[PDB]
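Student: With the hints as constraints, model all of the structure from the sequences given.
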Amino acid sequence: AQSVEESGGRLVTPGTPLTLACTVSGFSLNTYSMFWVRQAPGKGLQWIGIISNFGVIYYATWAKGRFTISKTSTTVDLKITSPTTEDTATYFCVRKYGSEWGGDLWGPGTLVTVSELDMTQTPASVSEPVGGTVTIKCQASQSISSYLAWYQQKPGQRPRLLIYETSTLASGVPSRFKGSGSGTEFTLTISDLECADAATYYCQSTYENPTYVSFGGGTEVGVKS
Amino acid sequence: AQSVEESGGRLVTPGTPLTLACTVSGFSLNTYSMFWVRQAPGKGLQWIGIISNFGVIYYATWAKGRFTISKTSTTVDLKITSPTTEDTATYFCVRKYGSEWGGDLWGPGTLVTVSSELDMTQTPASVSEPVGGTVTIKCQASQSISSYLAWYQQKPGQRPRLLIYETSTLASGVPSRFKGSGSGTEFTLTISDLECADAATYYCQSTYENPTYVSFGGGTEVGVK
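Going down the list, the sequences are from chains A and B.
So for the first sequence, this note's numbering puts the first residue at 1; every next one is plus one.
So for the second sequence, this note's numbering puts the first residue at 226; every next one is plus one.
Don't take each hint at face value.
To be verified - Under the rule of at most 30 Å between Cα atoms (straight-line distance), these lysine-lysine pairs were calculated in the DSSO-like manner: (1) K404(B) with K224(A); (2) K224(A) with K268(B); (3) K268(B) with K64(A); (4) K450(B) with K296(B).
Said to hold, decoys possible - Selected chain A positions facing chain B (Cβ under 8 Å, derived; list incomplete): (5) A124; (6) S127; (7) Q157; (8) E220.
Please keep in mind that the hints were generated in silico from the structure rather than gathered at the bench.
For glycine and all other residues, C-beta sits at the position ideal for the given N, C-alpha and C.
Tutor: Spelled out as structure tokens, the structure:
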């Protein structure tokens with residue numbers, strides 16, 4: 001079985017440096033690239049940076065100077081150089097799938113407490129009845145061709161990949177989830193809604209450049225009963 | 226017969242003053258106090274101010290200068306004196322229940338778009354348990370607020386529903402699976418025999434009868450997985 005797990009999260013005082021670890025099971029970091037994502041409580045997902053199987057690192061522009069990535073044979077490490085209260089978040093390491101800068105295997109995340117493409121997601125929140133239809137729209141500042149993934153996140157759980165390459169369905173995801181779009185306009189449609197489908201959904205630019213990798217703000221989907 | 230409805234929400238340019246109306250059915254503004262709450266998209270609930278049945282107004286400290294409340298025999302009005310982009314939100318009027326500065330009847334809310342001191346800490350931010358499980362949410366007040374605490378339920382894209390007032394007293398229609406407890410600074414909500422219907426955001430609110438002490442928690446997303 002292939003799995004991923006983060007560790008190192010704890011309470012800390014501003015400026016006290018901190019290192020998090022991401023330990024992998026069932027695959028080699030000699031084969032697979034890994035990346036780090038964070039999520040402040042109540043806020044959405046934010047990309048920090050990526051390290052290739054050959055150890056080439058790319059950081060988001062906002063993260064440069066604030067974070068250091070490094071790796072061992074079995075561990076990917078994230079150092080927070082000089083924390084502030086704005087760095088309070090759950091930190092996830094994610095295993096990159098082959099074709100794009102998206103992730104198929106997420107860790108449970110580790111909580112840290114401290115005492116340029118734009119993606120526009122609509123709507124923010126929506127509830128429809130069991131059997132209903134929901135449509136989420138995602139709009140990209142620049143053209144990202146087919147490099148778009150959709151993730152599902154239940155409250156207090158990790159994101160699950162639903163769709164990669166705009167329309168390709170991940171293994172075990174039912175065909176009720178339909179992805180479509182090209183360039184700047186993308187949509188996810190959930191047909192025959194079920195209670196299990198209630199979650200937050202995020203679009204992500206999986207374009208292979210750190211300037212272009214971006215998460216939408218999220219869409220809370222509820223189911224009426 | 227008893228209901229509340231807001232009106233006046235629209236797109237506006239920064240600085241253009243705007244008045245919203247709250248019109249009631251089934252009760253007298255001679256008997257009941259009314260208060261205004263706002264909710265930016267994706268963000269949580271924020272109290273603006275209250276007007277008594279006798280027309281005595283209290284504003285949140287942040288709201289002073291930014292908002293004006295007034296009433297006619299059948300309408301409660303909220304004026305935004307000089308809107309900014311930070312004022313973009315759904316605005317709710319709420320009918321105050323007798324014992325505390327909490328609200329039992331909420332309107333659908335009206336959307337305003339603008340385009341060109343007690344602290345409540347809710348733990349955890351997000352949580353999922355399995356159907357039949359138990360969920361426990363903690364709410365922590367900066368100062369002692371005695372038994373003046375209410376719990377609200379909000380499904381995505383809907384209005385809040387009052388569950389519990391006076392710390393432990395169960396509102397009309399709410400099943401006994403919802404248990405509230407606490408005193409002073411430490412309060413908890415427990416949902417027993419979890420159901421799909423229960424998946425929502427839950428907010429605690431200080432219902433202390435002073436404008437410096439009225440505050441909403443940041444919310445807890447509850448999932449059912």
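Student: If a hint holds in the structure, say so; if it does not, say that too.
Tutor: Hints and how they fare:
1. Taking the CA atoms of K404(B) and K224(A), the gap is about 23 Å. The hint holds against a cut of 30 Å.
2. Using a Cα cut-off of 30 Å, the hinted pair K224(A) and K268(B) holds, with the two alpha carbons roughly 21 Å apart.
3. Distance hint between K268(B) and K64(A) is fulfilled; the C-alpha atoms sit about 28 Å from each other, no more than 30 Å.
4. Between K450(B) and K296(B), the direct Cα distance comes to roughly 46 Å. Violation of the 30 Å bound is thereby established for this hinted pair.
5. Look at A124(A): its Cβ gets to within about 4 Å of chain B, closer than 8 Å, so that hint holds up.
6. A least Cβ separation of about 5 Å between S127(A) and chain B falls short of the 8 Å threshold, and the interface hint therefore holds.
7. Using the Cβ-Cβ criterion of 8 Å, the hint placing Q157(A) at the interface with chain B is satisfied: the shortest such distance is roughly 5 Å.
8. Among the interface hints, the one on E220(A) holds; its C-beta lies about 4 Å from the nearest C-beta in chain B, closer than the 8 Å criterion.
Taken one by one, the earlier hints fail for this structure only at number 4.
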